Amino acid sequence: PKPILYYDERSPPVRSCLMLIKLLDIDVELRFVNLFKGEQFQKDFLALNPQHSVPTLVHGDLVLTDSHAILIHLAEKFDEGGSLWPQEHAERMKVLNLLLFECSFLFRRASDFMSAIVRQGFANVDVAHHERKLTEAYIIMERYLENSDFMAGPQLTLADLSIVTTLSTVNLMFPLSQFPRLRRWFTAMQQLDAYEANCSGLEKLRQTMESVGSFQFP
Amino acid sequence: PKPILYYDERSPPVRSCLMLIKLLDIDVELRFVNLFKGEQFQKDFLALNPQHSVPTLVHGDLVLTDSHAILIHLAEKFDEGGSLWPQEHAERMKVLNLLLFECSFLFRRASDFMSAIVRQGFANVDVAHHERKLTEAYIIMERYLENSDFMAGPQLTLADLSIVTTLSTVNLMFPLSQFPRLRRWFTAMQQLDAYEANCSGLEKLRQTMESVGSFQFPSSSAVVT
Numbered sequence: 004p005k006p007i008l009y010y011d012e013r014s015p016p017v018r019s020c021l022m023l024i025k026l027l028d029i030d031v032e033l034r035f036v037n038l039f040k041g042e043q044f045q046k047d048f049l050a051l052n053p054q055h056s057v058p059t060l061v062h063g064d065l066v067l068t069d070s071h072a073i074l075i076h077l078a079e080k081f082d083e084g085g086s087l088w089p090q091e092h093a094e095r096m097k098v099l100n101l102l103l104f105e106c107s108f109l110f111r112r113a114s115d116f117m118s119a120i121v122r123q124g125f126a127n128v129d130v131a132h133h134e135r136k137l138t139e140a141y142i143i144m145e146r147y148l149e150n151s152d153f154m155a156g157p158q159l160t161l162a163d164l165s166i167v168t169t170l171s172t173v174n175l176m177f178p179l180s181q182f183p184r185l186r187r188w189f190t191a192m193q194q195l196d197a198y199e200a201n202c203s204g205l206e207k208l209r210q211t212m213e214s215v216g217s218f219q220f221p
Numbered sequence: 004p005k006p007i008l009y010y011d012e013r014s015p016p017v018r019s020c021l022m023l024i025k026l027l028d029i030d031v032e033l034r035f036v037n038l039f040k041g042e043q044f045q046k047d048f049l050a051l052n053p054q055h056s057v058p059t060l061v062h063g064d065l066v067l068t069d070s071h072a073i074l075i076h077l078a079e080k081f082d083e084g085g086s087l088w089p090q091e092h093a094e095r096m097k098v099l100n101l102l103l104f105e106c107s108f109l110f111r112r113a114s115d116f117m118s119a120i121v122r123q124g125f126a127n128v129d130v131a132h133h134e135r136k137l138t139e140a141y142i143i144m145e146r147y148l149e150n151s152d153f154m155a156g157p158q159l160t161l162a163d164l165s166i167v168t169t170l171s172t173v174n175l176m177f178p179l180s181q182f183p184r185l186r187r188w189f190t191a192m193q194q195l196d197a198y199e200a201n202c203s204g205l206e207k208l209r210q211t212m213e214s215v216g217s218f219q220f221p222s223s224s225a226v227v228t
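One line per chain: the protein sequences are A and B, in this order.
Just add 3 to the spot in the first sequence (first one is 1) and you have UniProt numbering.
Just add 3 to the spot in the second sequence (first one is 1) and you have UniProt numbering.
Bound-form chain A, shown alone:
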């Protein structure tokens, strides 16, 4: 059976998988789960994924509930011998390391910020606090780009697909003008054919956040 992707394109990790699917021409069945209507708490989805999160991939009997596992799985199954998920161990571990940075550092802080807006309202969020936390992530990625054109080396990898969607989401609020390597990389990422898979969900998140948060991004 072809893979089934439960998704809401406002989620940046969803968009990372949509970019990989477009990049590799994967035939996938999309199933929309509206996160802002709480559809991730519907009994059948909770039974499928008790973490009530998207993306969720069902591929045969395999149920994956984290975008980084989905990216790796789809690359191994549909891009064997490719460069997005390098076959050499040291290069593959460097891509793994940056995928985990995205999960544990960049996305955690992006989620902390966006969730604060939803819960407290934009007017009541400590914006300076989150600006510092996310600017630190900008600084780290700027250092990661010192020796290489991409996040994990000289070529595009799953690490770039995972990072770019969250960064574009944080970039809604905090510009990249003070980070030259990072701004050039982000501009280069926007030139990919596959980057088109990010545009629609980013704009939907922009307008959903502005309405729910009762504000407007700069």
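Just so you know, the hints here were simulated from the structure itself, not pulled from any lab data.
With beta-carbon atoms standing in for the labels, derived distance ranges:
#1 B:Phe220 to A:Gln193: 44 to 52 angstroms
#2 A:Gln194 to B:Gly41: 38 to 46 angstroms
#3 B:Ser223 to A:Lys25: 50 to 58 angstroms
#4 B:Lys80 to A:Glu83: 17 to 25 angstroms
#5 B:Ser217 to A:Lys25: 47 to 55 angstroms
#6 B:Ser217 to A:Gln193: 44 to 52 angstroms
#7 B:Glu199 to A:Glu206: 50 to 58 angstroms
#8 A:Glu149 to B:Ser203: 35 to 43 angstroms
Quick reminder that beta carbons are idealized off the backbone N, C-alpha and C, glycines included.
Starting from the known structure of chain A, fit chain B onto it as the hints suggest.
Okay, now just chain B, sitting in the frame of chain A:
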């Protein structure tokens, strides 16, 4: 060359790597970084790992800055063909899925809770809020263990090593009375010879948190075997 592990044993992710090293009898050079004294912000360590986090592994030219990558790299180099990081693709993806659960959900919430204690003092923390968010992680792990004997399947894997350390950390505060599968699984993990590598740093984290947070964990919560 031999792997270098920058560590603070109070970190649950550090203890996860310490358990794998003991389970596999890997010779590693331990280099201590005191998280509570702020040695992770020293110039030399920041240059090596700008995320200023432990565990950090240096193995030859490879520098890993996340425990889950470290567990996978060590399993592939010292448990080739083993069952901790299984060779069959579907089983391996299941282990990876649970490692990312630990990173994105259990550890995220456990760190939110401990961080608040350190920053505000226990008496100013909204403990009920964190009790809810961590009980939800308990429920999810209980669900995983209803369908399988270990976290990712019928055998011990890297997912159990990653999860048990943060679980033991959360369980300093929140009891497991209502979670029989989690209790049975935790009890089994504590019988493992490798679990000795978790014991010491758990206790030191208990002592440090009580001091910095100006409180005491309820002694009745922690599961002891």
